[PDB]
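What follows is one chain in structure tokens, specifically the form deposited without this ligand.
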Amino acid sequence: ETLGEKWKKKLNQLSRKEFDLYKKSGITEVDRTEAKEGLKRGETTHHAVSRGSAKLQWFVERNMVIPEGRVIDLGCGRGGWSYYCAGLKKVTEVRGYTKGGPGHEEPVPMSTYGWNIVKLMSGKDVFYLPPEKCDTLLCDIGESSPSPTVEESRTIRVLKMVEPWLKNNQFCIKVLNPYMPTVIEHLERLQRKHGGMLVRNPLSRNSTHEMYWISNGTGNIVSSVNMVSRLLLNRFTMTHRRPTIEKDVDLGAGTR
């Protein structure tokens, strides 16, 4: 039984009250107040459509993934990753795909900087999509479940699905459950082949063990995963630490 499975265990034992306090204890989060109010009023410039823009920004600003050329954004949802990438100088095209329907967030149309190189497509299950030529492959798919065996299946399926889209390109791929032994085996094989490293984003909630496989880095995957399991387990032991609040991203207007 992995450290991660013990964390998962404990998480599942929490009351809703305890869960709600635990999930943000000591994390970082952006202040969405202004964006939500603006989106509520139909504003199409400046605002990120989700917390995802700031989440991907954290990786990009640290050069862990450097979006360039034609960017594919797998499970776009509202489009946070896509609209962010749209403003980056090296990026020439952004194609986002997402399931949508009941479920499942629909793309939100925006006119933030670079919106003209963006096409977001709903009604698209990426497990049935053939791979396309791209210079950057982004994927933020992986639905949490109380069952770590369900999550293991979802995670492995994502890893197998994204591989053909990796063509010596930049990438950032969510790994929903990185602690199950079989997932580690796949990750180790993929890292041998395509390189990169697994990284914990500080904007991730404590309610998920997700880490991101990014292209620009190196390191020991097992050590990084266990570090996260120890972090998340430690956060069970103390009174709720209020999250570190940061400014949300401002995404423009205009064409590129």
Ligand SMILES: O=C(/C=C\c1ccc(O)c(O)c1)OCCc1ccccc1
Contents of the next structure:
2 protein chains.
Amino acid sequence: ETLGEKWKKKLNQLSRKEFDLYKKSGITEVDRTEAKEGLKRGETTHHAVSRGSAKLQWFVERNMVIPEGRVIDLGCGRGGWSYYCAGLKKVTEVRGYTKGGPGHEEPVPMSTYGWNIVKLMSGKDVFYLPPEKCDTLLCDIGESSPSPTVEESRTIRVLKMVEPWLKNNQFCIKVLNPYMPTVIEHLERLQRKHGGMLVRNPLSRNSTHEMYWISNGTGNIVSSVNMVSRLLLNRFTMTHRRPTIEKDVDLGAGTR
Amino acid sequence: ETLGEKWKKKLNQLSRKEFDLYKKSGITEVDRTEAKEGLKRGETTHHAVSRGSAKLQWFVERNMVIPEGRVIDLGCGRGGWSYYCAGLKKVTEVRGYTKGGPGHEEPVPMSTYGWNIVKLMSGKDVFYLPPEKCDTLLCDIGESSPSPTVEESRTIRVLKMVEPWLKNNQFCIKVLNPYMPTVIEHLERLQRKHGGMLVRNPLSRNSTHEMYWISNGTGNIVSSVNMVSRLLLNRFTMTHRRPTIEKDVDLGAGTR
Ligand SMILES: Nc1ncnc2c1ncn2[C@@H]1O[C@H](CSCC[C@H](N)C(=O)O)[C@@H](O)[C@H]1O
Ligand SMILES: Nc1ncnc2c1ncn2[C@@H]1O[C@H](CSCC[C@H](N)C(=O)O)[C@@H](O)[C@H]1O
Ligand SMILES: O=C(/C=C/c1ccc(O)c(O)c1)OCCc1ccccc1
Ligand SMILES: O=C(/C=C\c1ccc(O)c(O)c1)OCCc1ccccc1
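Swap state to the form deposited with this ligand bound from the form deposited without this ligand:
Let's see the whole complex now, leading with the same chain.
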């Protein structure tokens, strides 16, 4: 049994009270207050549509993924990754795809900097999308479940889906459950073929074991995974530590 | 040894009487009577030239392949796939290629809806046809044999041939024998490069293990192939169910 599996079982036994305290203990998070109010008033400039803009930025600012050229954003939801990439120098085009409808976030239209190179398309199930040519492949799909075996299956499905989109391009792909042995096996194969590394984003909540397979890095997958498991297990054992609050992204205005 | 190989052996040892029962047990089939008679009288409107029009329809109405723009139809034979696509809104041109001559079906001239955008060309061996730039690649080639090794080699040949035609386009390609290990290996490589999924058409007879590699899907090829093998093996025992008969396609009349 994996360290991650022990973590999951412990997480599943928490009360909703214990869970709510745990989920943000010692994490980093952006202050969304300003953005949430502006969006409520239908402002279309400056604000990130979600916590996702800031999350992707953390990777980009550390050169783990360097968005360039034609960017595909699989599971774009409201569009946080898409809008953020649209303001980056090397990026020429952003195409976002998301399922929408009951239970799923719909793309939010914005006029943040570089909006004119973005197209977000709802009603698109990525498992039925043919792969297109692109220079950056982003994917943020993976729905949490109390069952790790369910999560294991969802994770493998994503990994099998993304592979045809990968051809010596930049990438950043969510791995919802990286600790189950079968996933590890797949990731090892994928790293051998396409390189990259798994990385834990500090803006991730303790309530999820998600890690991101980014293109620009090397290292041991198993080691990285166990380190996160250790971290998350330890964060059970301490009274809540309030999250480190950071300024949310300003995504600006106007065409490029 | 694969589940498919076991099915083949069981199939080869059936009597012609047992075969004739088995081949249609529980399948779906269109009623070709009306169409067969009209075509005998030389009528050129409404009728599909083969069972193929209905067969392709099944995929298209489920978004598995979305014919659009320039459509190439490799192994068009009488022209069932070509004439069907010719009436679809997004399709602009249909070019069908088939071998013809002794033993092989010749294109049948028709005036079904959109006939004027179809060009069906006999005396064309697809294996010597330079790859052309198309938006939809269809291919329905693959001759049965009692020997799965023979079928294996025929299948690989087709898969090698189709590959250079595929470039982020829509496609639907027959895989005559998808259960032999070497074919599975090739399909796995192709799916990694080009994506798509293998699918079983219910209008297929139990007498063939053919599956179609369609562009708009993802998933595990081995798993899907074994599911068909299981379905076909079970249909040996489960006592005969007469085929579910449906109405054949009405392909209309006139230019577009
Ligand atoms: N099969 C599928 N195809 C397409 N989108 C899917 C999907 N399954 C889940 N999704 C979507 O994937 C999204 C992941 S959350 C999106 C966060 C985004 N990066 C941002 O910046 O805001 C959800 O909106 C969910 O609806
Ligand atoms: N190497 C080859 N080059 C061209 N056509 C070929 C071929 N091998 C087989 N064929 C043709 O492919 C056809 C397969 S039948 C599939 C045709 C489908 N029912 C339709 O109507 O569109 C046969 O008629 C056969 O003559
Ligand atoms: O069971 C689930 C799973 C869905 C899920 C989770 C995390 C994700 O990143 C994601 O893409 C999908 O729902 C989350 C539970 C929930 C819902 C509303 C309010 C509070 C809590
Ligand atoms: O709420 C969740 C947890 C995951 C998650 C992922 C990403 C997020 O950004 C987030 O806020 C949450 O998903 C539901 C699964 C679950 C619930 C309770 C216990 C165990 C498993």
